Amino acid sequence: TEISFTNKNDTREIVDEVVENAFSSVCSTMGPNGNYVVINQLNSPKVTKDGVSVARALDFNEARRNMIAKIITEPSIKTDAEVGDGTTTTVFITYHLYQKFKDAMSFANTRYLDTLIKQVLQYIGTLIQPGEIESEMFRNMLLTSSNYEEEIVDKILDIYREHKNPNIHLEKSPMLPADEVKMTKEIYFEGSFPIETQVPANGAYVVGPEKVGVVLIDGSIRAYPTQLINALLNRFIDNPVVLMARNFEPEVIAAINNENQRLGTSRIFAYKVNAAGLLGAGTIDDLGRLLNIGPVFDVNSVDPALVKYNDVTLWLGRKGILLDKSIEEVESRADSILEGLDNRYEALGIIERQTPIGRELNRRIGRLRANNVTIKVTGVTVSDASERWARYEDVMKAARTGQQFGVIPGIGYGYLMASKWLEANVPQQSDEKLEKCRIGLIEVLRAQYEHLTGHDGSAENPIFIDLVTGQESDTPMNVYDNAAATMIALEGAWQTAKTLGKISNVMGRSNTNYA
Amino acid sequence: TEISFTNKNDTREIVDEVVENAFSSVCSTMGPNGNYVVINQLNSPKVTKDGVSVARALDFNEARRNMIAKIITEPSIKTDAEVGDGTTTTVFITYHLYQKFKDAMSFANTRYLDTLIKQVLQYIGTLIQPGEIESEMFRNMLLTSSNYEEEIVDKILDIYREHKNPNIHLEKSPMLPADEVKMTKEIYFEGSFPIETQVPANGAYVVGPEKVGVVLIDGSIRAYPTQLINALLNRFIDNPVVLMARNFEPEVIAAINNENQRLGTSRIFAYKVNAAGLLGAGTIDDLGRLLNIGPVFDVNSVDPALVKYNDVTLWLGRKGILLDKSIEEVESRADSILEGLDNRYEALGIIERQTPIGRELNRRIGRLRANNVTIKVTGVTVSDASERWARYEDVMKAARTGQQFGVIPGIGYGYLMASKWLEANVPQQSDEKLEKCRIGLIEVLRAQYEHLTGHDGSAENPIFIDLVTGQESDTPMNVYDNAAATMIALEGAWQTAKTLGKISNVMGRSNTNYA
Amino acid sequence: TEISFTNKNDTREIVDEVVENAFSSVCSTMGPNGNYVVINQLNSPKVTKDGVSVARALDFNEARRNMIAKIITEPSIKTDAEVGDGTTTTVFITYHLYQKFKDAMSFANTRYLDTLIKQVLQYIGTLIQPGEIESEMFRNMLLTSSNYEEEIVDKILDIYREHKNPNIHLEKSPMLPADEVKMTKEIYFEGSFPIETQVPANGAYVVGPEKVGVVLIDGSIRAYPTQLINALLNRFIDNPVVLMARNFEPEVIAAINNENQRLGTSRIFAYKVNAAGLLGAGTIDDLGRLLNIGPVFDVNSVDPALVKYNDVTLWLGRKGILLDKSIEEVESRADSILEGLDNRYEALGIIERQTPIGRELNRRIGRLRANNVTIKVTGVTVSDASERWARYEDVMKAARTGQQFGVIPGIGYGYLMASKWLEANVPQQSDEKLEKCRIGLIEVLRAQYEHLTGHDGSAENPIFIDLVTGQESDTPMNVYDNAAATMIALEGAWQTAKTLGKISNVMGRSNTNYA
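Chains as they are written, first to last, in full-length UniProt numbering: chain A, 6 to 520; chain B, 6 to 520; chain C, 6 to 520.
A couple of the hints might just be wrong.
Identical copies go unnamed one by one, so any copy, or any two together, can satisfy a pair.
Stated by the list, open to error - Quick list of in silico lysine-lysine cross-link-like pairs, DSSO-like style, CA-CA up to 30 Å:
#1 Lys313 <-> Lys177
#2 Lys438 <-> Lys54
#3 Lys441 <-> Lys503
#4 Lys123 <-> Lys313
#5 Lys169 <-> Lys190
#6 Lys507 <-> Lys51
#7 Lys402 <-> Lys177
#8 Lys277 <-> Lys190
#9 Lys54 <-> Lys441
#10 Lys190 <-> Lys123
#11 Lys177 <-> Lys438
#12 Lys105 <-> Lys324
#13 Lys51 <-> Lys13
#14 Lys507 <-> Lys13
#15 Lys54 <-> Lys75
#16 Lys75 <-> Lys330
#17 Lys441 <-> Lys402
#18 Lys83 <-> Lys177
#19 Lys75 <-> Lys13
#20 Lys83 <-> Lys54
#21 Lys169 <-> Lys503
Derived from the structure by calculation, the hints contain no laboratory data.
Isolated chain A (complex conformation):
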């Protein structure tokens, strides 16, 4: 319990033994010499590779090291929570940028460093080769399974051939023949019961959609809507009355189960839609004004079920509503996606660069479009069925990051075009010795290429053209080409590890309290 003001070198040596061993944790799982990590449970062990589920479980016994290593691993799970891969480059090049640690006096040479790394990020985003046709995406799928099964390479690319960005879903079965291509229109979003009395069903929770009269108090309502009984009485058997809100409902469920479950007991629904987004107001709108939910209502409590804006009940279009643990629909026919999603589809002119503000936004807003593919994977036993289950799950994600976020040639090729761009640098030869030392150590983000392939060799900055770009690609000493990391790893990971090597060296103490 004797955590209090460490001073101060006992908070330089609480991060010198956190970035060091969180570095030898997940700089071992890199490269060809894949040197696993046994994550325990409190149960039996798991033996894994990926820095996702090593950085989940870096858990020191102490409450200081745990406290510190909750900030070196939290962007490392954010980086792949955005995509899926890019953890090890985050929690790797944050250690390699922890050579700035001695320039903690920084405001001379950290104004400079974000003028440098902004130019590096520009140059990395310059040289992207986004595969969207299957020319080198054939090489990606051909290489990510060592050409395990050409049906697996051809089949995922054949689903990507016709339908734009489908939801790849895959199952197991004790049947061998041709797999189950199901381009089926369903639109996923969230919605369940606050109380079991709200849902008209109980087995699969499916609503009974007819004369579906929905009122919307759609925003983050704090106003405690217990006033929802008067237009409910005005609309008792006139419609299945549905309220729809944000995730922020108050605890008015005590004023629901005792008031609206009680007298004033129509087929009432009142629960959430998904998280904070424009399609949080959008899938309730294009399935609304077009397909019988209602109009847009911004965050307020005006027109509660005292009296509605509009009484929209019989606007049932070509669709099927089904409440569930998460409410969905089946087979819309109106151009509901053409109402708002086509605007983001023409706003997908960014996808040349595909800026991160936008990598959240235009993927969160627009990818609720259409068909979701539900297939099954086979095998001559259950064991090989699970084997190509795992390998098929490996192929769909790499094809996803091919289609979605662009593809850059990977292994050390990105950062050693960057070190080329920083030898023929931002052409200020830094007359400041602090900044001269700074580009002298940011030309030593050759270190990723080194501590990946210098296990075999070879990394020197005059030996660019010989082994780094000989032969002109990702060049380990096997084939000298045919590899591709995803873009978002070596750009978003690079960004957030700069802002964790700007924290953790301007760290000076470590207190505690309880709020």
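Given chain A, work out where chains B and C should sit, using these hints.
Just chains B and C, lined up with the frame of chain A:
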């Protein structure tokens, strides 16, 4: 093995032990090079710049050291109560004033340490520049926010781009859009209910009709005013007898039943008026016959509880009149402007010294002079809305300094030109040589500048007394000037850190009882 | 004092310490000199030769080491689940392959630890003599008993001295008499109820009539078979129209109401045939018109549920045909014997190597050609009924090896001849010195023979290679021959110890989370 005495070399080095790791804790987060602090929560840690929370998280586990840290972190939160900003200057300069390990004796070096600090505050209050414009408030927002959210800055600079200091509102935000800025017409100061049956309404306390009669008594009516037997006969069914008083409420407030419970079906009101201020004839002047709500009543027993002249049902003026928790009027004609001009000339005269005694009618001027701005922010989550809520409340106090108070020029310039003044002050060896040593040590005002631009360069303390640090100059390696901290921080902080450099040295034990 | 990191040379020397006292705890019980183990129980201690139970109870306390030992005792019991014996060869040769302490890299010394092991297993699959007959099972029971109970040996020699490989049952008997070996007439493979209204009976699932209209479909009939408006009308009021399928039971299982609740008084059936294989066109052929149950249906969604050709009542044959929890046929005429001869010559084809994948119609051949053997034991007490039950079920798996697979000559003989192959197949210094080192270390396949027959003398590893070991020769000082452990242990347990000689060195940490 528990808590005990300490005596005294067990308590010289237990309060030199917590004015070291309370000095090198918040002398780190000073300046542009703000060396962070990892503050635990219940949760995963917050990592902070701003030194207020660092002083709040100054939690040891030794009860002696916790017990003594509580009385050094005390003016840091007194600074929060007064202004909000100036915490990191106080707990800094209360260790630099704790070179008074030995010289705690009363005559010599506390009489020349209160007279000398009094001439220091004299010359500093002389020396301060009029900080009233918004572009230098845009300079101070670099420090009061640690450049966190400049949109809040843009909002408040639009507010003081609007009419001068309206009712700056207190309202949070559950919601994403709509930084809400509305203007109403509101003059809001104290008058509330004795009993709910004394007031016409009960929700918003609104008087029913317009311009309904208010009695001709403002101050203490010390006739023990249960004598309402013919003043009640004047206005028996006519209007509420709206009696306002000063803090003379004896048991006659229970003798209001001699009209309410006894004879008299009227709407008798009897409550107190605003807090302790010089408006004994002014708190009915601003309401009163200049704007027609009452007379200009000096605090007297004239017009007693027996009989009135008349308090007619249409006694007041044609404007928006309603009692509330604090009374609300709309359409103030001229006298709000008149008393605003009065305290405006008072803010032309004695703004320089900052004498709060007798002057801070000027604070309510703005509630009394100006009307209203009702506000909301962009709050998507409870936590960050609370954070920008706290920071919004911080920067409006910086705006209060920039309007009611002013803005001091450069940080150590406000001590290095004070170091010219201790040379302008009496430099002699007076009746005690320790007094000469003590003016030699209060020549080490300069440590603020020294420790400050030792973070940046250069901290040439005996040289920069003469010419380089002046004016508005605490010379960095950029431009040598144009960095001006806020004002009442560097004044109020300075006095409340001398009183701690005179408390936490003359201390001698620590005991343990429970009263 | 709790769970933590270990990194790294604090977990070289915590997995060099559990592949020590698991190697020297199960290379104890190797050999004739079978050095026992005292496994603690809840009860009185167990005393064992048995390497399965030494593997199960390798229970330390410090959860790092128990967490490690759970991934070495996993293939040692996986080999037990496959064959039953070979545990002390897996957990032996996973230590003699744990001389890859250092050489964990990919290219040279796992390409020559993948291809080299592929060529050695190719040569071992050449080396396999057909151990099939009961004078070879006579040689088997010399050692596969672990000299516990030769009454069970008499039982299993009565099993595979009698009719060729019938359905060997699994049934305990903790009562005293009646070692039971009985034969029925019964063919038994999967088909059960989706709903209880689909099977003719529901108590014991016996067919109602004989010679019923039973239509057969093998694969996915993806016409969504609620279409039964004329296909069902062919036998609308006549009989239970029993339709078979694969595990393709989509949402039409709710659309069975089209006959169950809607029109159609027949007793439709729709459930599965055998699990995942290439065996669909024969697994309906042996059922149907070749033995007169139904149509030999081509693996397709052809003949949709609208209309059939015609179903007639007389569509079965004159034999015992009843859909059960898994379907029963009695008095098979010829095609069971035909497919038995087909897969008999197929099991003459590959069984020199015996790749199971591509063969395993022989899973049901034996359930189909031969009928059944129902068994009971003589349990004299419930405890050792369970004990000799466990060994009873173990040795019939060795009988499965001697019937399905074969029995290689002797224990180390498959390594003192498969280390001839490291001079016969490529013994050169290849393109890496690590590769020459690795053929020099796969020359340490000899260590099993060496440590086994050099327990009592002699451990002559270079001398016995060329001429002393051949054939069936793990040369004791008795007879020099006539000793042979089985095939699938010596080969498959070798491969699944290559996976842990490849993993339990390429491990380098031990962390903690809880999912």
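To see whether the hints hold, each was checked on the structure:
1. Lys313 <-> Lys177: The answer is between: 27 Å across copies meets 30 Å, while 46 Å in one copy does not.
2. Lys438 <-> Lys54: Between copies only: 28 Å across, 41 Å inside.
3. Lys441 <-> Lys503: within (18 Å within a copy, 44 Å between copies)
4. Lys123 <-> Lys313: neither (51 Å within a copy, 67 Å between copies)
5. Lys169 <-> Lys190: within (12 Å within a copy, 55 Å between copies)
6. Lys507 <-> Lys51: between (33 Å within a copy, 16 Å between copies)
7. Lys402 <-> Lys177: Both: 16 Å inside a copy, 29 Å across copies.
8. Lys277 <-> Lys190: both (22 Å within a copy, 29 Å between copies)
9. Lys54 <-> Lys441: Classified as between; 28 Å across copies, 38 Å inside a copy.
10. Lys190 <-> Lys123: neither (42 Å within a copy, 48 Å between copies)
11. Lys177 <-> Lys438: neither (57 Å within a copy, 45 Å between copies)
12. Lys105 <-> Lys324: neither (58 Å within a copy, 62 Å between copies)
13. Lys51 <-> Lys13: between (37 Å within a copy, 18 Å between copies)
14. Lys507 <-> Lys13: both (17 Å within a copy, 28 Å between copies)
15. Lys54 <-> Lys75: Classified as both: same-chain Cα gap 20 Å, cross-chain 18 Å, threshold 30 Å.
16. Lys75 <-> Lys330: neither (33 Å within a copy, 38 Å between copies)
17. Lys441 <-> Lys402: neither (39 Å within a copy, 39 Å between copies)
18. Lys83 <-> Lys177: For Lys83 and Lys177, both the intra-copy (23 Å) and inter-copy (23 Å) Cα distances are at most 30 Å.
19. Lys75 <-> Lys13: So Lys75 and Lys13 pass the 30 Å test inside a copy (19 Å) and across (21 Å) alike.
20. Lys83 <-> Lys54: Both ways: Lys83 and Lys54 sit 18 Å apart in one copy and 23 Å across, limit 30 Å.
21. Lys169 <-> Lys503: neither (35 Å within a copy, 43 Å between copies)
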